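J.: Using the sequences and the hints, build the whole thing.
These are the residues of each chain, in order.
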Amino acid sequence: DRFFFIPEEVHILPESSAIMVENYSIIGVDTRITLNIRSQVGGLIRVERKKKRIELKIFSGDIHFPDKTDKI
Amino acid sequence: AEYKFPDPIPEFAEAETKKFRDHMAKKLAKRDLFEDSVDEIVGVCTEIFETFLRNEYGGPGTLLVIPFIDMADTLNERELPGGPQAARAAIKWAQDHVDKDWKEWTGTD
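Chains as they are written, first to last, in PDB author numbering: chain E, 665 to 736; chain U, 79 to 187.
Hints should not be assumed to be uniformly reliable.
Cut-off 25 Å, straight-line C-alpha distance, at most; resulting in silico cross-link-like pairs (DMTMM-like, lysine to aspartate or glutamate) [what the hints assert, rightly or not]:
| # | chain 1 | residue 1 | chain 2 | residue 2 |
| --- | --- | --- | --- | --- |
| 1 | U | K170 | E | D694 |
| 2 | E | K735 | U | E157 |
| 3 | U | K108 | E | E686 |
| 4 | U | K82 | E | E679 |
| 5 | E | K732 | U | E157 |
| 6 | E | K721 | U | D174 |
| 7 | U | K178 | U | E134 |
| 8 | U | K108 | E | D731 |
| 9 | E | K721 | U | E80 |
| 10 | U | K108 | E | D734 |
| 11 | E | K732 | U | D110 |
| 12 | U | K105 | E | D726 |
| 13 | E | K715 | U | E80 |
| 14 | U | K82 | E | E712 |
| 15 | U | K82 | E | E686 |
Just so you know, these hints were derived from the structure itself, not from any lab.
T.: Written out as C-alpha cells, the structure reads:
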C-alpha cells in the first residue's frame, strides 16, 4: 500500500559526445548538458563512462556534510 | 574543442564578497552555537570565499563545491565551533545570489 519514486534524470550518451558539465558539480534548471540536450532538473552531476557509452546522471537533492559525532 | 569559461571579475568578486560578508555575519549571530566566535568564523570564510571568486569562479556552471568544503575542514582545524554549520550557510546563500548577480553584472541571460 506504498510506493516510491526517486526523480533522477538519467542520460545515455555516446563516447564521442561532448560534455559541458564537470563531474561532481552542481547545476541549475535549464543547464546545458550537450549541444542538443538541456537538463530539465538541476543539481549534483555524476558521470560514468563505459567502453562504448557515456552515462550521465543528474541528481536533485539537498547536500549535507558529515560531522565528527555523526554515525552514518 | 574544450569550453573556455569567462575570466573572473575582480570588481564582481569584491561586490559579491561584501554583500556575502554582510548577509552571513547577521545570520550566524542569531545562532547560539557560535557565541563569541562570530568575527573569527566570519573572517575565515570571507577570505576563502573571496579567493574563489577572484580566481576560479567565472559565471554559471563554475559554482564548485570544493571551496565550501575548504571552510568546513578549516574551522574544525582551528577548533572554531559550527564547522559544518558555517559551510552549510555559505553554500546556501551562494545558490540564491551569486548565480543571479553574475548575469546582471555581465549583461548576459
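J.: Provide an ascending list of the numbers of those earlier hints which the structure does not satisfy.
T.: The structure breaks only hint 3.
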